[PDB]
Amino acid sequence: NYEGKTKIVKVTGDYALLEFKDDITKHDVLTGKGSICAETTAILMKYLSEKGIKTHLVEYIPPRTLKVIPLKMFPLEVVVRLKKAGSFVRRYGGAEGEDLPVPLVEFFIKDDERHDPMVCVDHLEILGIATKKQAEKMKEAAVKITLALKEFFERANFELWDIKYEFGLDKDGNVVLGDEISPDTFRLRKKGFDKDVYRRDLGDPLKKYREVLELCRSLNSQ
Amino acid sequence: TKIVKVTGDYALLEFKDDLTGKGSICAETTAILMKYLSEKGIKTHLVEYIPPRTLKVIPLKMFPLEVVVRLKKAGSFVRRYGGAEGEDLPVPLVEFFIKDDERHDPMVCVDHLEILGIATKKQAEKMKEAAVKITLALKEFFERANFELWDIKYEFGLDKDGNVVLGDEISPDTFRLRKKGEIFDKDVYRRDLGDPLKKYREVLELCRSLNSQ
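Protein chains in written order, with the authors' numbering: chain B, 2 to 26, 32 to 198, 201 to 230; chain A, 7 to 24, 36 to 230.
Hint data in this document are derived by calculation from the structure and do not stem from the laboratory. There could be a bad hint or two in this list.
[Unchecked claim] Between beta-carbon pairs, the in silico distance windows are:
hint : chain 1 : residue 1 : chain 2 : residue 2 : range
1    : A       : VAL10     : B       : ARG96     : 24 to 32 Å
2    : A       : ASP122    : B       : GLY38     : 27 to 35 Å
3    : A       : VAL108    : B       : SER93     : 54 to 62 Å
4    : A       : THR37     : B       : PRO107    : 58 to 66 Å
5    : A       : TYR206    : B       : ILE9      : 45 to 53 Å
6    : B       : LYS32     : A       : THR37     : 31 to 39 Å
7    : B       : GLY92     : A       : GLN230    : 49 to 57 Å
8    : B       : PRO107    : A       : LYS22     : 38 to 46 Å
9    : B       : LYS78     : A       : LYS196    : 42 to 50 Å
10   : B       : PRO213    : A       : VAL108    : 41 to 49 Å
11   : A       : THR37     : B       : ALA154    : 57 to 65 Å
12   : A       : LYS143    : B       : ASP118    : 31 to 39 Å
13   : A       : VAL10     : B       : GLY92     : 48 to 56 Å
[Claimed, not checked] Derived pair list, reagent style SDA-like, types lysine to any residue, alpha-carbon separation capped at 25 Å:
hint : chain 1 : residue 1 : chain 2 : residue 2
14   : B       : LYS139    : A       : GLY100
15   : A       : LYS145    : B       : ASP128
16   : B       : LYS90     : B       : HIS121
Ideal Cβ positions, reconstructed from N, Cα and C, are used throughout, including at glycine.
Generate the whole structure from the sequences, applying the supplied hints.
Okay, here's the thing in structure tokens:
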């Protein structure tokens, strides 16, 4: 099968199973965190799929398993930034939290060894990782999804700072959103304080996850 | 290094040995390659070489960018993505780097240059095309003497009219050049480790010779 850092994938016949673990990356292991991420992923991806966006989710199998369609994944991490934060401020400066004029899409070769080096489309073509067409699809999908998700959390007055995606090809060569969608892959903040936020997070990390889930459940029932 | 100093309608770019005596060689090399590039239709800030270390150049508003063109996988390219050192690239690869020492000159794709206010798609786009042309013409130039260009770095700026122009210099300080069929030797690096100007001298003489010296 295959055991990654936060989840394990097991190919079962036609479909595949994706089990979310309780690990963290301040590495550790919070209890019930896998179930939380599995469910918010399933809620978010369901919302996306009924909109036409292709994702690998077939269904949610409580508590921490997702029935997914196999995909031939790209060794890539596609990040969309709506606001300046993280490695973005450390590389180009700016005000963490400042809005960008438009959504920024960045590619990173997923390679924990040499760490995850950034790449531009030209790189993907030369390294034969993806074609100019696939790359451009992934970019279009990433932004589409990012905006759709942005409007989603918007209903709750929460703002999406940035989020990371991973895509793959299904049995027909379609670009499909794989991986997950949870606090582990995106930075979401209250509409318009560092100290405070940092406090509860250090108090008990599982709190932001619980809050995100409840939030998704809430918006999901409307 | 070297120091630029405007002289009214033009500028004077003085190459300093900054501790050696390479500035003269570097200026002459830059003048020879940059002059050959011009007849190839490429636009550079070169007006003329004023021996032994100055260049009469047209004033330019420089882009805070180091644009790299790789012909073969080497240096930072293999470290980042692996692959065999010296392996030729299907097509030249252009990479952009912001000049920010405090931030370690982060790489930036086109969408960055624009979103960051550094350049426009059209400018970035243009620096790419030029960089590839210059590189190919330079690779061709050295192949006539059995030398292979591995990678090189250029800097561009905008002239008073606003178009992309090649700036800075072209010398051993900006490109990696090896003779085809070179087998690295321990004793050679070592002993010759006392003559830093050696590579500069051979390059300059290489260019003079090719310049139909």
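Hint by hint, here is what the structure shows:
| no. | hint | verdict |
| --- | --- | --- |
| 1 | A:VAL10 x B:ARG96: 24 to 32 Å | holds (31 Å) |
| 2 | A:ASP122 x B:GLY38: 27 to 35 Å | violated (44 Å) |
| 3 | A:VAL108 x B:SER93: 54 to 62 Å | violated (29 Å) |
| 4 | A:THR37 x B:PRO107: 58 to 66 Å | violated (46 Å) |
| 5 | A:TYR206 x B:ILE9: 45 to 53 Å | holds (49 Å) |
| 6 | B:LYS32 x A:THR37: 31 to 39 Å | violated (50 Å) |
| 7 | B:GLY92 x A:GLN230: 49 to 57 Å | holds (54 Å) |
| 8 | B:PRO107 x A:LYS22: 38 to 46 Å | holds (41 Å) |
| 9 | B:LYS78 x A:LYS196: 42 to 50 Å | holds (43 Å) |
| 10 | B:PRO213 x A:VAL108: 41 to 49 Å | holds (47 Å) |
| 11 | A:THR37 x B:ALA154: 57 to 65 Å | holds (60 Å) |
| 12 | A:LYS143 x B:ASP118: 31 to 39 Å | holds (37 Å) |
| 13 | A:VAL10 x B:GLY92: 48 to 56 Å | violated (37 Å) |
| 14 | B:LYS139 x A:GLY100 | holds (24 Å) |
| 15 | A:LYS145 x B:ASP128 | holds (11 Å) |
| 16 | B:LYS90 x B:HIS121 | holds (21 Å) |
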